[PDB]
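Left out: one protein chain. Kept in place: all the others.
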Amino acid sequence: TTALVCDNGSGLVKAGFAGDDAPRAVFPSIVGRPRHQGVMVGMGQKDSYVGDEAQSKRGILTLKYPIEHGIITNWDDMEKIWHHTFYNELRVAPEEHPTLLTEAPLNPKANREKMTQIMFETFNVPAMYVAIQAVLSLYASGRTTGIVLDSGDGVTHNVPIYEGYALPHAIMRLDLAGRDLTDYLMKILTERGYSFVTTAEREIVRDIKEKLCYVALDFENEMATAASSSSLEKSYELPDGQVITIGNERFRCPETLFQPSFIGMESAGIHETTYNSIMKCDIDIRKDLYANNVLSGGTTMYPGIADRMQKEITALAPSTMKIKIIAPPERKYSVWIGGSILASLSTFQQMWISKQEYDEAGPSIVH
Amino acid sequence: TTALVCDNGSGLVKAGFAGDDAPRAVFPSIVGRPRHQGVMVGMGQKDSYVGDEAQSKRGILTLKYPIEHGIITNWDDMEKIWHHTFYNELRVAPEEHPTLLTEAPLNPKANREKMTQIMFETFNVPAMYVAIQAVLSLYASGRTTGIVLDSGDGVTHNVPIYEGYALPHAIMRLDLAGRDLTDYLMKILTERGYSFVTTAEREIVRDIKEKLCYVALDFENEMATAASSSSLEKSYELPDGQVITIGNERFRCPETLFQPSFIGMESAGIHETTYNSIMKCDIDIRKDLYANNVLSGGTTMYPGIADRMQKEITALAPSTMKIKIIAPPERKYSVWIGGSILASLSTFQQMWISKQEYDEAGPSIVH
Amino acid sequence: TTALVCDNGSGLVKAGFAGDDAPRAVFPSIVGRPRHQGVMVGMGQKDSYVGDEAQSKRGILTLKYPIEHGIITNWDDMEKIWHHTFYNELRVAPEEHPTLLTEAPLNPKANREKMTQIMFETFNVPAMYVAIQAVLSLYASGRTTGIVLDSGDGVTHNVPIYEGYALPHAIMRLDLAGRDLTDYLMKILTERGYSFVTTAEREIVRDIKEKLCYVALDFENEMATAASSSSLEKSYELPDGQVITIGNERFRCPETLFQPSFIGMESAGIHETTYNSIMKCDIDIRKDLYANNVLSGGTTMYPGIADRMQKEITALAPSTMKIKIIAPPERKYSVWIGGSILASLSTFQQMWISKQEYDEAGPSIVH
Amino acid sequence: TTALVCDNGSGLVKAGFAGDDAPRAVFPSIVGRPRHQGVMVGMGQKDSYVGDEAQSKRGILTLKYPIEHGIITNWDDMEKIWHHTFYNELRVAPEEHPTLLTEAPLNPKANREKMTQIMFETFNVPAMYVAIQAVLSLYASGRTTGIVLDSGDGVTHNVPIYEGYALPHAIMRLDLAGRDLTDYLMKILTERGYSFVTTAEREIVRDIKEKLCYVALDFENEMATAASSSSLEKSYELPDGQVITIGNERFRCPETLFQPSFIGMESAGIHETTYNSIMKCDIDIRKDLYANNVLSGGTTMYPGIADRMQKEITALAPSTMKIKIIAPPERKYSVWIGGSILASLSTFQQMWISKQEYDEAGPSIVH
Partner (left out) sequence: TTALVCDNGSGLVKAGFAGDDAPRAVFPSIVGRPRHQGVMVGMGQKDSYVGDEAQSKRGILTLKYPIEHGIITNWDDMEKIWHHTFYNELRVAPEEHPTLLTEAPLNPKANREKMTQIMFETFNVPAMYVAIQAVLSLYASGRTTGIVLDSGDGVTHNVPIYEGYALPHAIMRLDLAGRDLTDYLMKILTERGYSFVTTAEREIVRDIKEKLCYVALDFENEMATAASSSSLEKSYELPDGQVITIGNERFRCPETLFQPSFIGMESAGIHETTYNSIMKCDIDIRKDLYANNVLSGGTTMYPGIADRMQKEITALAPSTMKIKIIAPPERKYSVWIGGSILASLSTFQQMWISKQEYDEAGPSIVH
């Protein structure tokens, strides 16, 4: 009966059976809708495209992320990608499987109660559970202590975790993520003349960001090497055939994580928020959090991130203690693995929220 | 009850029953009128000749195209060739058959409303439909995506079409066609001394254009081979018996499609308008339009057109992507086939505009 | 009431009832007047002889053609032969019969208005019509298309006629005819010593021309055969009893139709005027005129004319097309037949010009 | 060295030195040839007469226009009148003077290349130029913008001209001219009985046309005044002594320019061709062409032409804008003046085609 693990982040749905190594259905969380009223006969009609099909037809469709910063914005578009996820990639009636869902910490109470009420009533699930992302990534590391920085498409979190337990007062969320970085790469890219206005083109630039962009050890050094453009300008090719050449834009896009002042936000960079999170923790356990800080999420995949983190957190923290940062390959897969182990565990099966139980239990019990 | 498909282009009426392979009545759209008041008794009188009969008696008649650039100029001459088409070639009362009519895109609203009001009130049709030409040619190709270049006698169109839908903002019409090319061949032919002033002679030159003329891969190369006149001068024989010899005029007539500056029009050639049409399309779908661009119409029949298109569109488009041009034999037949399939389809029968419905519906509903 | 058909050409009046096969009264159009004041008692006096009676007494009378080149020269001499035609050969009061009259094309407006005013006022005709000669000959051929060459005694015409209608701008008249040929045969005959000065003798030579003269296929060939006079000299016998012997004069008289330079006229021969008439016609219909050119009139009766026409028109026209010349026996009868059929037709009876109507209608309506 | 300006139109050669006010040698373009082989001793012999001498002896000669509709028909007759023009009226060796020649627009390429090859090789000219007629007439008006209607003996043109430049696609040629009008006046005159068959008589009728004929403001009004023949019948006297009386024929001859259907041509009248020429022009410049339309040529000399043009073009053009027609006295002189100014100009002397240069340059460079 094993179990279903659905990681519902902004940008990507990572779903699959528990106890496995990698999610089997990994497709973007979009509901495309035809922009031009196809005045033809037979076309589709396919009033709504979802996921990969919508991706294939980007030029026709208006792409619409149903989930913004972890918050569910549109509730039937979410339903759409869930139904599509259960019957056209996983091929699985939810009635045979308990379902472990995912969500960001410090998230409105409207996401856990409406989410369970849909899973339970529209789909029929024997039992379900909603888990905080960073704890699952810690299971995937195979560790019980550490401070997780999970930066996905919607949200970046810091969740300090000591020997099991948690520290809710030190959990720090920050809306800086791949979606904010791809928009900033939009208006920074347009100073070269390349205009990407539409949602379909936004996912093209998302592609440029995934391949070319990198986090400088020192951005000023990168700027210096860039002035005489030797290796910093690279040629990327669109699907149309044109040639984009991006130099300093390659690295100054991800610099936004460490200098949110480029987007016009006062929030400290992700190194002062992980540092500030360790500050709020009790003086005893900070040495273990400094040593064990973990990384997860697609927005942790920029080459050079871990090294810049080690330079900057080692500059804010007292130099007498060792700051080891553990950033394993397969991060996106790693987050899923931690959730799967918990479903595997012979001690978590008591914590499922039964569907029959849930209606009596109400929203509050789940939270 | 099957259906009637009437392709009303300038120059040729292609009409016949739906579900068939080729139109059965293919005759020129002309209403000849005696030029010299035959001062004889018994002759005709045949105050009006139409189609093939008018063609046979060109020397007596003033030939008058009722439709200029897709726009209906004279409305009872149009009625004349319709009545003639229904009772003397198709032999068919329009009351038994729904009628699919044709028209060019981006055409004045006076053609669809006056056309349906005639079909409905003068003839009596149970139901009818007016369809955009390029979409029918795409059905005839047996394809759902591509950019159609339909060059007939009145008008040349570019209609980009992606996966069903359409892109109205990228539809580009251009008044360059067999009628404009036959007039340019008129005044270019007269530099050899052959004077064709009359409308009857215009259709002779239309005949010369159909047989001899060809589109150079490189016109300058053709000019060079022409200076020493080896194969470029060919002998054509009129119906009178005289011998015309045309050299570079054979190829420089159709060069007007790619260099409209020979007629004194600023519009770009048909390769910059198909290129410009693909430009206005969203960056995602342009690779499919480059690969799938389709051709239709009598003015696509000049030998050498497809190859010149591939040289010129491959010179404007980024050389990294494949520009395949599909130009099947039987183009003139092909346009008709796409319309017939739609009548055949078990999903288009809902879209007919009932005659009774039309009067209540008004002009606007049809459009 | 059937109808009266009067063909009033120079030289011969061909009159009779409509619907018949041949004119019944065929007599020359002359008004003889005694030259020597017969100083006898009882003789005649017959102050005026007309037609056959005048012919019988040629030696006494001055013969006077009332109609020269189609133009009516003397109007009471014309009246004389009309009155004689109606009461002494046709025996018929014109009041019972509508009368179809004849005239050459491109003829002064004084002949149609004075002619109708006489028919109407001096004779009393219920209704009448004046028709162009060549169209009547075309009816007699039983055909609707062709180019008629009608050469009578006064005038030679070319009237191109396509499918009914006419081509007035291509009608070409030329004053070369039996009267001009008989005068040229006069002064060419006098080089043998035979002097014919008088009008009575002119009609003798007209007789010699009708029997002996012939149109050479090649006149130079005829001249060569003539130098050694074997078959080219023939013996003709006058009414007096003397013997005339004419050799090359037999054929060089009708050569004037093809070489008007023998009479001192610049006009091209009748083969360049039929060729030039087909030139002025629209390029489409010329192949039918080349194939269908018709012949009529007494001056088409010279043996050898049709063959010489075919050699000469085939030498001026492009050799790629077939020039058939149709010259049926019974030409003189043939012209009459075409007019009779029109009177017979159940559609021409509307076109009669009523005598009562004519006075109100005036000269202009008739034309 | 000043220059030679030779205006070689059909019917008249207007030649003289540049910078002058009027051409000095103005004589008809004819090569007379004796029709009757003068069997006398001493006469001439003058195997060929040319120009004025041929005119004096019209009764002996066959007159032969060497140039028909602008096209050179016979090339040594043309040479004849050129040689005669250079040595017996201008008295001038062409080797001292560059020669500006004239020709109609849209004229076969055989006239510019054979014309220059003769000027260059038979005569010896240092340099020469061939100019389009209507542009020279525009120089004579002293203006840079306007639409020229030049109607000479062979051809009528419309050449729209805006601010300098030209509009080749709007140039409209039409074979209606004094030669076509004098032939139509031939067969219309013959309905009064006056038969003019010969070429010598054609130039008599050309004289009648020049003096008496006039263009009605309204031809129907002229017809009404003519029915009661008060001022419309005028007496003209031939050189023989006979008296011709022509009424409505006076005005209905030039009506052919506005109703080409009298000659059997489909071409629109000269007011619909000047109107149609302004149509083909870009919407911006049409108001200047309507206001500035110019007139030139001998066939513009009929009294009443300008007023009829203003009534008819003002009836076809939107009545909201002013149609001024400028038709200055001295038209025939005016065309010559525009060419002379260009030779005078200190900027056209670069555009001469050197004789030495021409042989290397070939026919194509001149065109």
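Letters are used for the chains, namely A, B, C and D, taken in the order the chains are written, and counting of residues starts over at 1 for each.
Definition applied: a contact is a pair of C-beta atoms (placed from the backbone, for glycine too) under 8 Å apart; a residue touches a chain by one contact, two chains touch by 3 or more.
Among the chains on display, the ones the left-out chain touches in the entire complex are A, B, D. Interface note: of B:39, B:93 or B:110, the residue touching the hidden chain in the full complex is B:110. Of the listed positions D:78, D:101, D:128 or D:135, the one in contact with the omitted chain in the full complex is D:135. Check A:164, A:264, A:318 or A:329 against the missing chain and you find that the one touching it is A:264. Touching the chain that is not shown, out of A:88, A:117, A:199 or A:314: A:199 (per the contact rule at the top). The chain omitted from view is touched by exactly one of B:134, B:167, B:204 or B:305, namely B:167. The set of subunit A residues touching the chain not shown comprises 35-36, 62, 187, 190-193, 195, 197-199, 263-264.
Residues of subunit B that touch the chain left out of the display are 71, 106-110, 167-170, 174-175, 261, 264-267. The chain not shown here touches subunit D at positions 132, 135, 144, 161-168, 281-287, 290, 317-318, 320-321, 342, 345, 347-348, 351.
FYI, only the chains that are shown with their structure count from here on.
Between A-B and the choices C-D, B-C or B-D, the pair with more than half the same contact pairs by residue number is B-C. Mean C-alpha positions place subunit A and subunit D at a centre distance of 87 Å. With each centre defined as the average position of its C-alpha atoms, the distance from subunit B to subunit D rounds to 41 Å. Shown for subunit A are the residues that touch two or more other chains, of which there are none.
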